[PDB]
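Q: Residues per chain, in single letters:
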Amino acid sequence: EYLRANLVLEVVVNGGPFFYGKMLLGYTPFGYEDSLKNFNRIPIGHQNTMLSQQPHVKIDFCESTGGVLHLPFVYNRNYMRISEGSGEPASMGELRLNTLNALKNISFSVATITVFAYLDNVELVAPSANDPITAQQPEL
Amino acid sequence: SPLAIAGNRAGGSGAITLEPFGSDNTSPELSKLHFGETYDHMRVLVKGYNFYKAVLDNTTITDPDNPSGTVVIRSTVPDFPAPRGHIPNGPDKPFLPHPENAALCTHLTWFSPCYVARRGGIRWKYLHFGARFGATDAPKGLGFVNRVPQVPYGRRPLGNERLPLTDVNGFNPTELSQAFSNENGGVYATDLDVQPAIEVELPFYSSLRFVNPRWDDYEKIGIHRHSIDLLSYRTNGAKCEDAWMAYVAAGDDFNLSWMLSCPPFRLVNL
Amino acid sequence: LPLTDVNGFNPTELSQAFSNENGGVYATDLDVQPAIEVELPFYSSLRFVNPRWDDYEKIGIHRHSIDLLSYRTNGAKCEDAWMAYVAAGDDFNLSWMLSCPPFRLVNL
Amino acid sequence: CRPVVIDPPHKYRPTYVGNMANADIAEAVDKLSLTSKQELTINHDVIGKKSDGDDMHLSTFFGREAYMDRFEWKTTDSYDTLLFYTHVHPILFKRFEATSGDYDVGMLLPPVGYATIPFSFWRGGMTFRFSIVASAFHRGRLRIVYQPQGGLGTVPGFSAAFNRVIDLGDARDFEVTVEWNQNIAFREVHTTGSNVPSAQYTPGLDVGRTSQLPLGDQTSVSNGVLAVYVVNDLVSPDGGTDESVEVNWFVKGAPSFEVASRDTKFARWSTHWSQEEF
Amino acid sequence: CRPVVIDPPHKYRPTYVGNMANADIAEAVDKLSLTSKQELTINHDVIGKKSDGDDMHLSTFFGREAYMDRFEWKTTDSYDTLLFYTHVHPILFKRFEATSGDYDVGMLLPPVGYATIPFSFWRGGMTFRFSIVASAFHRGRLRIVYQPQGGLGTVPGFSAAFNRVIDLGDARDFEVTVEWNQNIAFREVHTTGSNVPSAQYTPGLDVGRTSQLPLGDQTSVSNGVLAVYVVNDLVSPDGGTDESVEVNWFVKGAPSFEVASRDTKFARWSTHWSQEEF
Amino acid sequence: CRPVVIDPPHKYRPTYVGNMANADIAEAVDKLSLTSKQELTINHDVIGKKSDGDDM
Amino acid sequence: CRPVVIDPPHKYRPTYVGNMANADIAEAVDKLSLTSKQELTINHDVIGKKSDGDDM
Amino acid sequence: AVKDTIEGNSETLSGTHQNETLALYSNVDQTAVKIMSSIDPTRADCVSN
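Protein chains in written order, with PDB author numbering: chain A, 131 to 238, 244 to 275; chain B, 625 to 894; chain C, 787 to 894; chain D, 332 to 609; chain E, 332 to 609; chain F, 332 to 387; chain G, 332 to 387; chain H, 34 to 82.
The shape of chain A in the complex, shown without the other chains:
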C-alpha cells in the first residue's frame, strides 16, 4: 500500500566538438501541481531564471558530459499510496528540459540524449489485497 524511497536521475549526452550547444534540466519538488497552469505560460528564457535556483544540471553539447541528481523524499505524510486510483506518485516531483542556448554546427545535424532513473533505500509496507496503479509503457 505504501512506499518511501529517494529518486536518482542520470543523463547521458553525446555530441561532437563541432556543436557548442547548451541545455538545462531542472526539478521541482512536491507542491508543483498548484502552480502548473501558470508556469506553462512563461517564456522559456524567463523560465530558465527560476530553474537555475532549483536542483538542476547543465548539459553541454561541445563535450558529452553531465547528469547525476539525488533527490530526497519530501512529503507531508509518512508514505505515499501506490494502490489503484492513486494520484500521489504523480504529484511528488517534476522534470523540466528546455533549451538554454540553441544548438549550432560548424559545417565544412542532430544530437541525442537519454535519461535513466531508479530508487534507493526502498521501504515497502502495509500488505494488502489491492491492485496497484495501472501500468503504462513510457511515452518515449
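Please keep in mind that the hints were generated in silico from the structure rather than gathered at the bench. Take these hints with a grain of salt, some might be off.
Unchecked claim - Mimicking DSS-like on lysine-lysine, the simulated pairs with C-alpha atoms at most 30 Å apart in a straight line are:
id	chain 1	residue 1	chain 2	residue 2
1	B	671	E	342
2	D	368	B	844
3	G	342	B	656
4	D	381	A	188
5	G	368	D	368
6	F	368	G	368
7	E	368	D	368
8	E	342	G	368
9	D	342	G	368
10	B	671	H	36
11	G	342	C	844
12	F	362	G	342
13	E	405	E	381
14	F	368	G	380
Claimed, not checked - A few chain F residues facing chain G, derived, Cβ under 8 Å:
id	residue
15	333
16	339
17	341
18	342
19	343
20	346
21	359
22	361
23	365
Note that beta-carbon positions come from the ideal geometry of N, C-alpha and C, so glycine has one too.
Chains B, C, D, E, F, G and H: place on chain A using the hints.
A: Using the frame of chain A, we list chains B, C, D, E, F, G and H on its own:
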C-alpha cells in the same frame, strides 16, 4: 578540456577567481555608527506587526430580509493573510464577476511563496471602530473571537452571517443559543466599552507535517479558520456601520523550511 | 481621505488611506488613552546633519506622520488638534561648538 | 481581611493596544490552546531533507545564483566595441508577457534583488559570472572594465581604471566580484512606478532589447558600472559574416552584502499575476 | 506621606474578563468561603470503594470493554461466505426505540467511542474479541482478514493480506488487536447529522439488520476494515437446514490509543432522551 | 515580541486621589524640579543662630 | 486556571501622560525601531576632529 | 553565512558505475548534485518484520 568540464558544475564552483575589485574592510563597530542595530535575520524581522485588510460585513446588506435591532454580526476568515489581488474565490465581492481581496501585501505574504513548507502559529490584533451615521451613537457592545475546528459534517462556512436575538417581548433565551456554540476550544471574550482591542494567538493543529506556502485560492488556505463576531444594538439591516482593523504577525514557532525560488510579481491596483 | 459611500464602509477605500506600516505605526484608542509617546531613531545613512538648517524642507528629510480617524466632521472647519511636547532621545549628540549666532524678537 | 496594606502607590500607563514595533519584548496575548507551553519544533528536518542551516536567515537569499540574460559576440566586430553594460545594484527587473493565449504581465528578480525590496538601504559586494558558449576551435580575447562613478560614455584606456583581459581558449566560465567603492556607507534601493520598468542593462536577448549604446545616470542607487569590450577579434574556422557566439551571465551576492532599513514600497504589489487584466 | 516615589512606570493591559482558554495559569477569582485555603480531598476513597487509580484519567475509558452485537454462522453455508464486516474506528452507534409504550429514540456508544466525541483527531490501536456460543459437539473453522485501506469488495486470498485461521474445538473466545497502519499520523472522528445514523457494521441481530453485503467508503475516519469468512463448514451431530450458531463480539481500546483536539460537535446533544417527542 | 507572558493576574484598586490622612507612607507626586533628588538642609543653623534642638 | 491568587491588592495611580519635568527617571515610551536596544555612539570623534572633552 | 545548498552539494564524479544489472563506462567526468535525506525517527510507523 579538464578545465572546461570542472567549470560547468552547478553553482559556479569551477569558475576562475579573478582578483576582485578592491578589498573588504569593515569594522565590527559600524552598527554603532549607522542605524544602531543589524538586520541579518529574517526570523526576527517577521515578528513585527503589519496592517492588513480591515474586516467589514458589507455583503449581506443586499437581501431584503437581514435582521435589525440588536443582532449579531459574524465573520469567518482563514488563519493566513491570503495574498492580495483578484484571487479565484475572493471574500470582498463574491456575488459579482471577478471577486477580489482588498488587502495589502505584508511581510508574511512576500517572503512565504519562496518556500516549500510552512508550519507554525499566527498572531492577530483586532481594533474596533464604528459609527451610526445619525441616530445618535449607541454603546459599543461585546466582542468574541473563537476557533472553528475541523468536522466532517456541518462545518461553519466562510464569513458574513447575521443572526437575530429579539422578539415581540424582548430577549429570547432560545435564539441566544442558536447564535452561539459550545466554544470548547475557542472564545476569548471582552467588553468593547472598557477594552476595544483583542490579542489572540492561534496554533497550527494540522494533522499534517506542513502546508503549501504557494497556495493562492482563498478556500485552500481557509482549511484552518477562526471567527470574529460582535454584539451591537440599534443596527441597520442595509448598512455596514462596524468594522475591525487587523494586524498580523508571526507566532513563536513559525517556520519556513526549504527556499526553492523567487516567484514573479506585478503592480496591482483596485 | 474619505472612507464611506452610499452603503457605508468600503473595504477598498480603507486600504487606500493606509499603508503597510512596516516600520511605523503605534496605534491606540483615544477614548481610553488620549496621549501618544513615541521615540524616532536617526536612520540617516550619513554621519550627521547641519544643526544650522533653517529651511522647512531641508530639516524635513526625516519625517513622520500623525493621523486620526473621527466621525461627524465638517469639510470647512478645523475641530481637532494635537499638542506637541518635544525632548531629546537617549543618544542625542552635538559635536563641535562653533559660535553663537544672532537672534531677535519675533512676534506673529 | 485582617491586615492593611502600607505599600507606596505606583504608576500604570495602561497601554491598551500594546507594542507593535519592537521584536524582542514579551507580549501579553491569549494563546488559544489548552496549555500555555504548547510548542512545535524548528528543526527544518521534519520535511524530509537534511538542512544546511537556518533557511530563514537572510544569508540564504544573498548567495543563490540566477541566470539573467545573454548577449552576442558577432565575430564581425572591430577591436574596440561595447558588448555589455550594466549597473551594479541588486534590483534588476525582467518583464515577460504570458506566451500562452491571454494578456498578462509579470516581473522577476534575482534572490539578492528579492530580499532587499522590504528594505531601503543596501551595501556590500556583488559577484558576476560570465560563461561563453563556443566550440573547441574558437579563439578570442575580451575585456572587463569597472567605473566607480560617472559611467563610461567612451572607450577607456587599459590602466586608467580597473581592467581585466581574458582569452577564449581551453577555459571558460570566468567569475568576478565587485566590492564597495563609494564614498558613502550605504546606498538606496531602486523602485518602479509602473508595470514596465526602465532598462537597467544593455542588450538582453530574452527581453528583446538589442541597443548597444551605454545608458547611465543611476548614481544614487548603484555601486558603479560594468562594461565588456573586445580586445582581439573572435576567430572561427568556417568563416565570418554569418557566425556569432552567445555569452550567459549570472548574478549573486558576496558574503559582505548588507541591508539595514524598513520600507513600505511593496505594500501594493502582489504575487498573483495570473488573471488581473480581464 | 514623607518621601516620594522615584520608580519607573509600567504597562498594565487591564484584562477585564480574564483567560478562558488555558488550563494551567492561576485565576483572579473571589472564593465565596470564609478562608482562602478551604479545600476538600481528591482521595477517591471517601465513597466506600478502594480506588485502582485516578478515575478522571482518560485511560479509564480506553480499556472498558462492551458487548456490541451478534451474528450467525448458519451451518448451511458454503466454504467462502462473508459473516461479518466492520470499520475500525471507535464511533459505532446503536439505536433503540423505547420498547415500552411511547415513542422515544436513543443512541449508545462504547466507552472508547464516548470519550473521543469532544475531540476531533484520534490514533492508536483497538482490540476486538469474538466469542462463539456452541456446544461440545460442534466443529468448524473461521477466518479473520484485515485490509488497511480500500475495503474488501471480493473474497481475498490467504496470504495477500493479513489472515488468521481459528478452529472451533475445545477453546473459544479469541481476541485480537489492530494497530495503526495508515500513512498519516492522525485520523478524523465520525459525527452524525440526524437521529438515525448510517450503518457502520453488517448484520447485527440487536438492531434488526441482516444484510451480508460489504459496505464501505469511510476511508477518512477509519483505520481499515475487518472481515470474517468461513474456511471449513460448521458440523453438528443432529443435522443442518435448521441449525445456527451465534457469535458475540466486544470492542476496546489498546493501551496506545490517543486523542488530541478540541471540538464542539456535541454542543446540542443531550443525555435526557426520556420525553422529547410529545 | 517573541515570548508570551504566563504570569498570574492581580488586583489594582486605582486610588485616583491618593491618601490624605496618614503621614508616614510614600506619595506618588510629581516634583517640579530638574532632578528627583533635589533637597535642602534641615540644619536650623543656616539662619545665624545656634540651635538648642529641633524647634519643630 | 487551576489555582487561585491570594495576594493582597494594591494602588495604581494611572498617570496617563507621564512625567514631563524630571530628567533622571526612566520613561515608558515606544521606540519605533526593530530592537529595544538600538543605540549610536556619543564619541564626538566620528565627525573628524579630536575632542577636548564633552562639548555638551 | 550558511551553505548555499545548491552549489554546496555539487561535486564531479567518474562516468563509471554499476547497479547489479546495468553497468556504464565512459572516460569523461560528470557532475553530481547530491541532496541527502533526514534521519526522522518519527517517520517509521507501519514497520513490521
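Q: Each hint should be assessed against the structure and marked as holding or not.
A: Structure-based check of all given hints:
1. B:671 / E:342: holds, 20 Å
2. D:368 / B:844: With a Cα-Cα distance of about 29 Å, the restraint between residue 368 of chain D and residue 844 of chain B holds, given a limit of 30 Å.
3. G:342 / B:656: Distance ~41 Å between residue 342 of chain G and residue 656 of chain B Cα, so the pair is violated.
4. D:381 / A:188: holds, 24 Å
5. G:368 / D:368: holds, 27 Å
6. F:368 / G:368: holds, 27 Å
7. E:368 / D:368: holds, 27 Å
8. E:342 / G:368: With a Cα-Cα distance of about 19 Å, the restraint between residue 342 of chain E and residue 368 of chain G holds, given a limit of 30 Å.
9. D:342 / G:368: Distance of about 24 Å is within 30 Å: holds.
10. B:671 / H:36: At roughly 25 Å apart (the allowed maximum being 30 Å), residue 36 of chain H and residue 671 of chain B satisfy the hint.
11. G:342 / C:844: With Cα atoms ~48 Å apart, residue 342 of chain G and residue 844 of chain C exceed 30 Å; violated.
12. F:362 / G:342: holds, 20 Å
13. E:405 / E:381: Answer violated: residue 405 of chain E to residue 381 of chain E is near 46 Å, above 30 Å.
14. F:368 / G:380: violated, 37 Å
15. 333: violated, 11 Å
16. 339: holds, 5 Å
17. 341: Hint on residue 341 of chain F: holds, closest Cβ of chain G at ~6 Å, below 8 Å.
18. 342: holds, 4 Å
19. 343: Hint on residue 343 of chain F: holds, closest Cβ of chain G at ~5 Å, below 8 Å.
20. 346: At 4 Å from the nearest chain G Cβ, residue 346 of chain F passes the 8 Å test, so the hint holds.
21. 359: Where the cut-off is 8 Å and the nearest Cβ of chain G is about 5 Å from residue 359 of chain F, the hint holds.
22. 361: holds, 6 Å
23. 365: holds, 6 Å
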